[PDB]
Structure formats: structure tokens, C-alpha cells
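Shown here is one chain on its own, the form solved without the named molecule, set out as C-alpha cells.
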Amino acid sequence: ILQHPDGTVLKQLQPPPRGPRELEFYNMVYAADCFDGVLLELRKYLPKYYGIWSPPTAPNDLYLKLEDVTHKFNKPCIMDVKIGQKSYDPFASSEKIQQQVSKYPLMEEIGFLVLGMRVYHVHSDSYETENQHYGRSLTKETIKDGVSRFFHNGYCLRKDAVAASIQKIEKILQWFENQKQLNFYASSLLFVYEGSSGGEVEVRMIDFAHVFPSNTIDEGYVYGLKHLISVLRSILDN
């Protein structure tokens, strides 16, 4: 991700077939002539999409131009959470399924994985960050405390941001309960709250390298959303 001061991010297309698949997804969703009620509703939960971009002197170098969801925040606290029971797609080989399950073999039980967080601490005027190893180290026993950390500013638990997150996830969950034309593997929710405030939160869907047409509910995604909501709910009892 490259932040731009014009309030957008440029995401470089990943290698084939992932990058091309993601470009195609955004193009389908944000088709100018799209009248599909499901896809029109979905746009509410994605970053705004400004089309494909490439440097003036480099047509080969493909990016997606996306809304920077963190632009309107003073001290944005950011967490990326992968959603679902399977991070591998319907066209994965045995080798690839094994790779994907191994990266975080706990995916099926929990239904989500924290990919990283960046949390502003008020009393130090500074950021702590966690990388992919943090979330991959979380278990059933420690997932609640693991997620809680995102909402801890170093004096209070931000239950306002927790409750707001639940309410925004609930809307995404309602979208998933009302569609059976897309299944999402290895896709994420991006959480952003204001670290500096009260209950002002972004929750957006990102990372669409493994979205496929379907004829079923995305039961894996739903399981993950619900577990994540359940965890956030229990954090409110702290």
C-alpha cells in the first residue's frame, strides 16, 4: 500500500492470478452500468474505487486506486483481520491448501485471523504495532485478549470503538446473509478508529484476490463475522 496525500491508496496488483482477479472484482462491483442491487449495496462496505492506475511512464506497472479510509483520522488505529474458515479457494491444489492451512492452521475453528494492528498510545504519544506473527500466535484461549489489545490506548479500553465496530460489522453480516452470488476467501476487514473520537469508526472489506461466483451462502465468512462479533461483545464485559 502506498498512501497518497490526495486521500487515496495505490495497491500494486499482485502476481497472476491474484492481482488480475482482484482488478476484475473491483471492475465488476464498480461497473458504471451495474444495476445489481446486491453489488450496489456491497459498494457501501468497500473502499471507493477510482479505477486502474499506472505511472505515466510505466503502463506495465498496474495499481488499484482506492479510497484511503484512514485519511480523515488524526491518530488512526488500524487493524486488518482476515475472515473465513478457509483461506484457500475452490481451485487450490493439495499443496496450496496445505500451505494455506499451515500459515495459520487455526483458521477453521476461529473463523478469523488478525493480520496486524497499529495502536496509538495516548500517554506516550506513540504507536505500537503487531505483525502477522501476533495474530498467528493467538489461540481459542487468547483470542479475546488478543483482539482487546487493538482497543487499548494505554489507560482505558475503548469500548466506544468496540461497540461501534460491532454495529458496522453487523451491517456487513446483514449483506452476507442477503447474497448468494459471491464467496470470499482470504479477504479481510480493515478496522480504523480515532486514537486521539467517541465511537467514530471505519470497518471496510478489502483484499479480493480470491473472490469467486457462487450459488450458496458464504457460510465460512458468516461464521467468522459472527465469531468476531461474539469476541467483540465479550470485550464490552471487561
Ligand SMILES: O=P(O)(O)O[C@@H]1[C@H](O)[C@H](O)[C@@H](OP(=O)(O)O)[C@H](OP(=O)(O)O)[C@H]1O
The other form holds:
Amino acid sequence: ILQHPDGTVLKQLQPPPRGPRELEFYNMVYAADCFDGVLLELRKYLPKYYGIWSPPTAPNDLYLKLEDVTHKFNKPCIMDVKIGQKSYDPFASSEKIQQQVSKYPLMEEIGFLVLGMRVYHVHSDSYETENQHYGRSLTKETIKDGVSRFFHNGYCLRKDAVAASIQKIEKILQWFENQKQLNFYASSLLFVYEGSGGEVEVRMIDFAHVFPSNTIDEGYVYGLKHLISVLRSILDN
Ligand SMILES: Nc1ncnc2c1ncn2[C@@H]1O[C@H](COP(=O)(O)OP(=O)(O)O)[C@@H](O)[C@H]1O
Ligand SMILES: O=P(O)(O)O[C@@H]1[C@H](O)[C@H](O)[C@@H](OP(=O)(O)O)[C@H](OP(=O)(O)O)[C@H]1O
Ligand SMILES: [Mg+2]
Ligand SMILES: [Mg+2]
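Return one more block: the form deposited with the named molecule bound, after the form solved without the named molecule shown previously.
Below, the chain from earlier opens the complete complex, with every other chain and molecule after it.
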């Protein structure tokens, strides 16, 4: 991921089939001639898409040019959370299924996995970050405190940002409850709040494993509902 000062990010296409699939996901949703109401609403929850991009001197080198969801913040606090009961897609080999389940065998039970976070601490005017091994070390017993950490700025828990997050996830959940045409594996919600105070973003990102479907994405629903339940209990702290 490359950050550009024009308020965008450039995401390098992953090797095939993943990179091509994500490109085609964005091309589908943001198709200029799209009048599918489900896809038009979905746009609200994704980064704005500016199309494929390459360097003028390197057509081989493929990126997606996307809205940088953090751009409008002064001290953005960011968390990436993978959503769903399965982080492997319908065409995964046994090996890949085993890889992905062994990254976090609790995915079926919890329905989400924190991939990382960067949190602004007001007293020190500095950031603390957690990596992939943080959220993968979270159990049912520790998931609530694990998530809460994102919203604590070194002296108070930001219940405003927790409540806003629930409210935004709720709209995404509603989108999911009214579509049966796409199922999302290994996708994420990107959470941003202002660390320095009410602006909050929750956007869907990372679409290398989105597939057409004829069913509700029950894994994705389960994950969102559980994530909301956790966030709700944090409001009682
Ligand atoms: N549109 C965006 N705006 C701001 N930050 C982003 C955006 N897309 C990705 N990021 C950051 O880059 C990270 C990796 O992006 P992602 O699409 O999840 O790539 P990967 O396929 O490598 O998991 C995310 O966790 C997030 O922190
Ligand atoms: O973060 P880690 O521990 O390096 O593990 C990676 C993480 O689970 C990625 O989401 C996954 O890509 P997908 O989500 O696209 O499967 C990748 O699979 P890969 O090794 O097959 O690229 C893993 O290696
Ligand atoms: Mg990702
Ligand atoms: Mg990915």
C-alpha cells in the first residue's frame, strides 16, 4: 500500500487470481453504467475507486487507486478487522483451508479477527500499534478487552467512537441483510476515529476473495452481529 498526498492510496494487485479478482470487484461495483440498486448502495461503504493505475513508465506494474479513508483525520486511530466465519474461499485447496484455519482456529466461533490497530495516546502525543499476532491471540475470554483497547486513548475509553462504530456497522449489516448476490471471504472492516470529537469511518476493504452467490453471506452476518454485540458491551464499561 502506498500513500499519496492527493488523498488516495495505491494498492498493488496481489498475484493472480487474487489481484485480478479484486480489480474486477471494484470494476463491477463502480461500473459507470451500473443501475443495480444493491451495488449502488454498496458504494457508500467502500473506498471511492479511481480505477486501475500504473506508473507512466511501467504499464506492467498494476495498482488500484482508492480513497484514503484516513485522509480527513488529524490523528487517525485505525483498526482493521477481518470479518466472517471462514477466511478461505470456496475454491481453496485443503492446504489453504488448513493454513487459514490454523491462523485463527477461533474464526468460526467468533466471526471476526483483529488484524491490527494504531491508536493515538493523547498524554504522549504518540501512537501505539498492535500487529497480526495481537488479534490472533484473542480468545472468547479476552475478545472484549482486546477490541476495547482500540478505543482507549491512554486516559479514557472513547465510548463516542464505540457508539458511532456500532451505528455505522449497523448500516453495513442492513446492506448484507438485503443482498444475496455476493459473498465476502477474507474481507475487512477498516475503522477510523479521530484521536486528537465525532468523525468516524467504518469502510469495507480488501476484496481479493469476493464471489458471486445465491445465498445470504451468513458468515459475514454472524461476524458483524457478534462484533456489534462486543462493541455494545463495551458501552457498559
Ligand atoms: N482505502 C484505504 N484507506 C486507508 N487505508 C487503507 C485503505 N486500504 C487499505 N488500507 C490500509 O492498508 C492495509 C492493507 O490493505 P488491504 O487491502 O487489507 O491489503 P492486504 O490484501 O495486503 O491485506 C489495511 O489494513 C489498511 O490499514
Ligand atoms: O498475515 P500472515 O500471517 O502473513 O498470513 C496471511 C494472511 O492470512 C492473509 O490474509 C492471507 O491472504 P488471503 O487473505 O488472500 O488468503 C495470506 O495467505 P497467502 O500466504 O496465501 O498469501 C496469509 O499468508
Ligand atoms: Mg487485508
Ligand atoms: Mg487481503
